[PDB]
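Undergrad: Letter by letter, the chains look like this.
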Amino acid sequence: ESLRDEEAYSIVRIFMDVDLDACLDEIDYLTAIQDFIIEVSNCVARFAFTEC
Amino acid sequence: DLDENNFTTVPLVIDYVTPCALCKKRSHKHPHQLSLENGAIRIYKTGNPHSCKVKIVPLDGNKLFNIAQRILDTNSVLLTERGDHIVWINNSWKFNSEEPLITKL
Ligand SMILES: [Zn+2]
Numbered sequence: 001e002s003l004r005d006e007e008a009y010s011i012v013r014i015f016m017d018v019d020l021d022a023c024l025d026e027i028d029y030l031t032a033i034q035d036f037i038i039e040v041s042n043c044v045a046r047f048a049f050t051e052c
Numbered sequence: 001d002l003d004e005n006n007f008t009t010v011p012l013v014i015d016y017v018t019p020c021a022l023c024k025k026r027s028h029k030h031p032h033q034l035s036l037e038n039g040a041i042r043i044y045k046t047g048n049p050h051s052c053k054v055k056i057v058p059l060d061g062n063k064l065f066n067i068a069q070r071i072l073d074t075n076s077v078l079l080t081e082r083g084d085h086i087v088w089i090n091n092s093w094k095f096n097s098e099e100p101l102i103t104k105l
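Sequence lines, in order, name chains Z and X. Note that the first sequence covers residues 1 to 52 in my numbering. Note that the second sequence covers residues 1 to 105 in my numbering.
Calculated from the structure, these hints are not laboratory results. Each residue gets a CB set at the ideal place from its N, CA and C atoms; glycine is no exception. There could be a bad hint or two in this list.
What the hints assert, rightly or not - Derived EDC-like pairs (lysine to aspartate or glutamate); straight-line CA-CA distance at most 20 Å:
(1) X:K55 to Z:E26
(2) X:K53 to Z:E26
(3) X:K53 to Z:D17
What the hints assert, rightly or not - Which bits of chain X does chain Z cover? Going by a derived footprint, with three or more residues having C-beta under 8 Å, they are:
(4) 35 to 49
(5) 53 to 61
Turn these sequences into a full structure, and let the hints steer you where they fit.
TA: Written out as structure tokens, the structure is:
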């Protein structure tokens with residue numbers, strides 16, 4: 001998937017790509033994703049507040 | 001029922017009159033589980049973990065912080081509207097801006 005026009009339909013959603021070359025069990029995966037969500041949402045919100 | 005060696009072994013069964021504070025469900029399928037790892041007790045659900053969330057409780061030490069918490073739990077130091085600290089020493093509430101009394105307490 002790509003963008004057909006960068007001049008009018010530049011509007012997109014917030015997205016990220018993660019790839020870790022290791023295997024995690026269920027509990028570690030769940031705690032990791034909770035912490036990841038909190039940290040990333042806080043960082044993006046702070047950037048939006050201070051620049052946008 | 002939990003003691004120093006079974007805390008990571010026996011499931012925990014609760015009475016689900018009220019919804020779980022972690023999963024927002026009336027009654028869970030299976031009893032929750034505890035785990036110990038690098039100085040933190042982690043509580044989660046058994047069966048389908050994605051049904052519920054995971055909670056972390058940290059326990060690290062800091063004798064001095066524990067002492068401060070224990071002293072604070074006796075309600076012997078209070079902070080007033082004006083911002084001065086009052087301490088309970090020798091059957092009296094004492095405050096003194098120039099001479100701090102928290103160390104005396
Ligand atoms: Zn739950």
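Undergrad: Would you mind marking each hint as holding or not holding in the structure?
TA: Outcome of the hint check:
{"no.": "1", "hint": "X:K55 to Z:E26", "verdict": "holds (14 Å)"}
{"no.": "2", "hint": "X:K53 to Z:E26", "verdict": "holds (12 Å)"}
{"no.": "3", "hint": "X:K53 to Z:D17", "verdict": "violated (23 Å)"}
{"no.": "4", "hint": "35 to 49", "verdict": "holds (count 4)"}
{"no.": "5", "hint": "53 to 61", "verdict": "holds (count 3)"}
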